[PDB]
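Novice: Here are the chains, one letter per residue:
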Amino acid sequence: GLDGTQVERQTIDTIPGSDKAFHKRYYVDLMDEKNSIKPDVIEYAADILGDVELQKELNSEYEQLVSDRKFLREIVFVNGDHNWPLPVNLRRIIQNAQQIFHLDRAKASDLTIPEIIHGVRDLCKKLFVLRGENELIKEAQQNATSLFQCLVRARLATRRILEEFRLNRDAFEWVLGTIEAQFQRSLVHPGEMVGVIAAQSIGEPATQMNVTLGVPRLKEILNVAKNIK
Amino acid sequence: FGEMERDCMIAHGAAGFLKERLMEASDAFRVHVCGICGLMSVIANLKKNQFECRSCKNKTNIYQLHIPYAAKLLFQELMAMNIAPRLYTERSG
Amino acid sequence: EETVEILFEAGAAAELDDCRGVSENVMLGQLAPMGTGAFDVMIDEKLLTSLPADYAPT
Amino acid sequence: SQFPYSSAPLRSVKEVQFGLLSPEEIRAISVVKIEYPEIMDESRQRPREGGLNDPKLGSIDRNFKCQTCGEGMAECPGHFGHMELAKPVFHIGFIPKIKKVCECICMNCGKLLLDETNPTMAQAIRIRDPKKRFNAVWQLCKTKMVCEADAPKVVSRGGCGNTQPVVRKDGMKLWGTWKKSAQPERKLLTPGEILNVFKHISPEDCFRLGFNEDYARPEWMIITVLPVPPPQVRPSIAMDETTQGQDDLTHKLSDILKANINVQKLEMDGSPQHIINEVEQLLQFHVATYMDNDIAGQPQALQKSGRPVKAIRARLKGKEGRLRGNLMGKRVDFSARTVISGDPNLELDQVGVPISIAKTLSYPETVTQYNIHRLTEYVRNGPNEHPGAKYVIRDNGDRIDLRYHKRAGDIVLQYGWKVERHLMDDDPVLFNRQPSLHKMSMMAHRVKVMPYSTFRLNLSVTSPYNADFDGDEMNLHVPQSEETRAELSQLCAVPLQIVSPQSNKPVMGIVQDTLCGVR
Amino acid sequence: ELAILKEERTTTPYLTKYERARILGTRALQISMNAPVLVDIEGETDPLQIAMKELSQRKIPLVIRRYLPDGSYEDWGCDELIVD
Amino acid sequence: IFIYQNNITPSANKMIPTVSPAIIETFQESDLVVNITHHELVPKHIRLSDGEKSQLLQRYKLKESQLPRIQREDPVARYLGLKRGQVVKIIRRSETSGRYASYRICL
Amino acid sequence: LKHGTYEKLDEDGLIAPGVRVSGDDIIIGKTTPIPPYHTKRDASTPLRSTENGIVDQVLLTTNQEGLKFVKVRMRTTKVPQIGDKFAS
Amino acid sequence: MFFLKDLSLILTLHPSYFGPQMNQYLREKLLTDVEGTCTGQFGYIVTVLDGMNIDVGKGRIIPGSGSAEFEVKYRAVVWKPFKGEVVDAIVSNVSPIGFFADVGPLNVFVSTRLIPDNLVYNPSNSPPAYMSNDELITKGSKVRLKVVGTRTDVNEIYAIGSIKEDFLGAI
Amino acid sequence: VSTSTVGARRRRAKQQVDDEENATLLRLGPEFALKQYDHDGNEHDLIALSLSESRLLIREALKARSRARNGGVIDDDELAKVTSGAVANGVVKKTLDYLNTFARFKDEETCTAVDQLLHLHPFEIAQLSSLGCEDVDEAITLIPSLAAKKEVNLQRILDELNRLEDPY
RNA sequence: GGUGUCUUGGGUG
Ligand SMILES: [Mg+2]
Ligand SMILES: [Zn+2]
Ligand SMILES: [Zn+2]
Ligand SMILES: [Zn+2]
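Residue numbers (the entry's author numbering), protein chains in the order written: chain A, 873 to 1081, 1095 to 1114; chain B, 1130 to 1222; chain C, 1406 to 1463; chain D, 2 to 153, 161 to 189, 196 to 533; chain E, 71 to 154; chain F, 108 to 214; chain G, 885 to 920, 931 to 982; chain H, 1 to 171; chain I, 3 to 75, 84 to 129, 137 to 185.
The hints are simulated quantities; they were obtained by calculation from the structure and are not laboratory data.
The calculated DSS-like cross-link candidates involving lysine-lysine, where the alpha carbons are at most 30 Å apart (straight line), are:
#	chain 1	residue 1	chain 2	residue 2
1	A	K1104	D	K519
2	A	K997	A	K942
3	D	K213	D	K187
4	H	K29	I	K91
5	B	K1177	H	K29
6	D	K213	D	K177
7	D	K66	B	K1186
8	I	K103	H	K83
9	H	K83	H	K142
Assemble the whole structure, with the sequences as input and the hints as a guide.
Specialist: Next comes the structure, spelled out in structure tokens:
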């Protein structure tokens, strides 16, 4: 459902690497003292340890990430490729948020884990390629934005948000709102003559071009032949 | 303003510009059609304000259409080859 | 392509052309149901009646 | 607004309904019967009535009016006549389908060889498409060689029992071999005989083969009365200041009239059966090549100079025919063309327009209470100085040419009037280079007026146009209303095309010196 | 019969590029015919720029009728579609 | 289902449709050696029910002739016993969105 | 009659060499009689609407059949400017 | 005879009129336009039922002109004569070659040949009128007359009747 | 300009002689179809108004629109004035004076009573409510179609009509 | 106030 000018190549970070690297990047543990959040990044570091009504949510997040890993590796991209043209850049949003809110000095972050998890969940339930309360509408809507939700969850993970990007609450809310708005802007407009555009996008490159290739092969393909060279 | 120029204007979605290129910057014309038989056989006397399709014996259900002069010529050539193109201004089914 | 033969076949079978395409509206010099011509622009009264009462038709 | 007032309502074409024209309707919509060949009266002013240049057909002269509608040459659409034929003839563009129907039907009583009794045909009827239904009925009904009188106790379907002919095509002549019961007596099937057979087909039978009761009757594929197009469709031309030759269609119609009259000189007196066929076949050939001069396996109707006649089909087909040469694309006003040049000092969406072109082209600008002073200053300036104006349009459509108007100082501009001022700075114009391989070959630019006769382009836009400055030329189109100005500026403008959907990357970059220099 | 009630309108709430272009063109043409102007005109005299000013302040009194492929349509006032 | 080895003569073939209300289908053994629904390029087809087909048509405000189509002789339509008017749902790999559901109606 | 000026022709309907000519100006005046006063149509040859110049050599003779024959050569100078094409 | 007629009228509105009191201006324009007109296809439009409550709907802007089109639908009353319909009247004019009678909004003329022969004209009577032994036709009289003709002229139509048939004439 | 529910009337190959009017023979024209339509396209029986129903309808519409014109605050020669325009006033004045010179039912009550009593083809239905007729003869001769229907009832209907006719 | 039609050959982009 996206306009073809609005997408940019982006790496899907849950796909590549070994399971140990994935685990170190993505898995958080509350009971385990060493493998938890680094204390020197958050105000509330001491209050975190040992909790349960939050380690449940952390485990739910990690299980969603593992589901995404399995899905992308087994259904969509079986050969491992993880750099694909997707809608709404994430790197540039994060760095713009860092620039705007001046995220230096690694200051203690006042951004709690449950607020991060619920923020990303709400964002993932706000990207509308199709609008309607119908049930086939919901199914098509979720199939439409499955890959982009996988991307948004691969980037906005709890450990990554807290350690690698060190966002505070304001920068976090700004990232979510900007993703919302730019996704709503990346959608194709009704009235596009996508057939003429596609015909031109395929035909124009043909003006610059023992397997048969190039113009004769494209001619064979379009003039569907019962036998080929 | 050939066919590929039309393709580019269609890709741009500029319908009004295309209509204005092909009509007001070129052979725009006015014809009267019979609302019943749809042939351009309506005899119009604009200074006397009187109209008639003699085939249908009609004088009240007649409409004017702004169309390219080449389109009027095309319909007249079709009539010349016994083909009847019938221009109707409303859909039925 | 095959303009004359296709027109003859349309005559011999009394085809009805629904005029929903692009090229058909192009050759008749009408606004195509495409891009800027894929919708209609009405005149809104609910918003209009908010105008000052001295801006009225006389 | 350039059309004189008519009281009829203005509507748009929603449906086109093709079909054949019946002889009744051809006579009905006509206005004068055409029978006299000779163009002029006796080479005397205002030629012979009932000829191919009857003034009832309409006016093609500037100082004469149409005797049918009373309108000037500009407004008169032209009016059709009719010309009854002595004998019926085949329409050249329908011979194969005439042959198919001849094979399908019973050539004596006008009935389908097989009925709805047979479930195969009973299900071939069940196709909604007329053409698929006709094919599915022809692929079955073509082999039964009798009109069986009994429906499959003895149950009669109403049939007759006469044997069927083996239809064949030789040119424009439909041969039908009747294999009686040995010697198959093969007879020629004339258009009149096929017309008689075809008039007997019943409405439901006609529907089954895929025809129509109101629009396409199978006998209307045989010509008995011929429409005569107005002279607009076949206008004359001038060769050396005093000479005119008629269009090909006019001479073709004259030849048809000669053939018709020769036919009317045989069924009125002695005619020993070997001249009637010859002259009727001459009529058939003239009528055929009047419509289609590309018939396989025969000579072509030729002109005096050796060239073939421009038939109507040839008028309609090809790159230069009506559809692709006059309807899908056409020549347009308010355009300009000249060599392009590069200008490092222009903005990306600016094009430099020569003064002479800026003065030749124009934009009609409605006078309002925000532009009346500026427009009256342009009116004072005149059509020979920039910024000036070329025309003033009054509130009823009357043009005031400001060249020949010697008293340009005594015009006061009314509201709602229109001034056709010159092309000026920042006007949006569509700019274009052929071939137009993609949507970024035609882009909207802001105007900047400059001396010299060459266009100016910022050099970063030369990549989407695929242009360079060694001879190339580009076209400029001026939008003639505010709606088209807004469309250009809000959809086609150069800044809006920097990123392309073809490969979701920019198409304009930094090129040539600006690059090498930045390195 | 073919109009859609204001509750079940399931099209996009955002003005598209084509709708915006045509709305601006139509308003500019209207204003150039000495129609009344709803915004306060401070500096600009060009009808297109005045139309842009009206569009930004959600004060264009027009309606977009969006036809669906089945022939039905939805009506949206210009002031309730969202302009970026 | 009538699986044969070499050929089925047209005279025998003609009895298949005139034996209502039962349905007779035939396959050749050579055709059945490989299961084509296991091929990687063949996504999983799931026939809709009548109510679900109606739901699909109303959600898209569609008529039957305005759907993408599948031939009755299609190897996967032949494998699934699709009758005229029945709608399959085809979920398949999508490199731009991950997952995509397509619908085809049987000719 | 054409919309150009006829005030440059001599009594023979021909302009003389040495006279500046602009576009749309008549350089050869000719009349065609009206078949059966005011009994003539014009067949005058204007200058091309684009070109300026100066008349150089007005030739006058008779053709194979003895009818009058005229050739008028114009001259002008073109100075290079923006948009002229050059190559090595 | 009066017929209840649902009818419409397509209209064109200039941008200069695009104000806050639009619907009432179009209602007045419609009321002015239709109250009184004759149409060969309908009869005579005397009034319009529920005139102030006509719905102008939503107008469409014509592309290229900027004027709004309205399909103002409403139900009105129309009066049409038909050949072979009986219509009462009162005589208006008198003349040796026949007389005129005003019917509804219209005027009906009866010819000399279509009058009972007991009727004798008088140019000298006060008031001048036809008389008869037991029959009278003077100004103000009632006439139950059948219509045997109606010409459709676009602006004004005229009907010529005949009182020559039984059960008709003076009552 | 003046249009109605009658739309296409598209061209079949054949014509029809049965298009001229002859009110004796139930031929009125292709504008008064036996089943009319409304402005919502729904089917609806033809309407043929007698002079009484028509006078009541016009009076009602005029007084309603007059009350609308006055902001919320008796004779046809005055009641026709409610229209706008001189041509409007003249045409409605002629119609109203014709109605008020021949309205046998000079109230809504008796018009409603005859509506109830009558409810059959609206043509003769209205012509009976508009044309007083003494006995069966006048009806069956001015309306020659009551003969070949074998449902007459003219005797009692005309009796009750002239009975309900108010004095003058 | 109204400046005609078709083919052949040689080039420009
Ligand atoms: Mg080049
Ligand atoms: Zn007609
Ligand atoms: Zn004419
Ligand atoms: Zn037979």
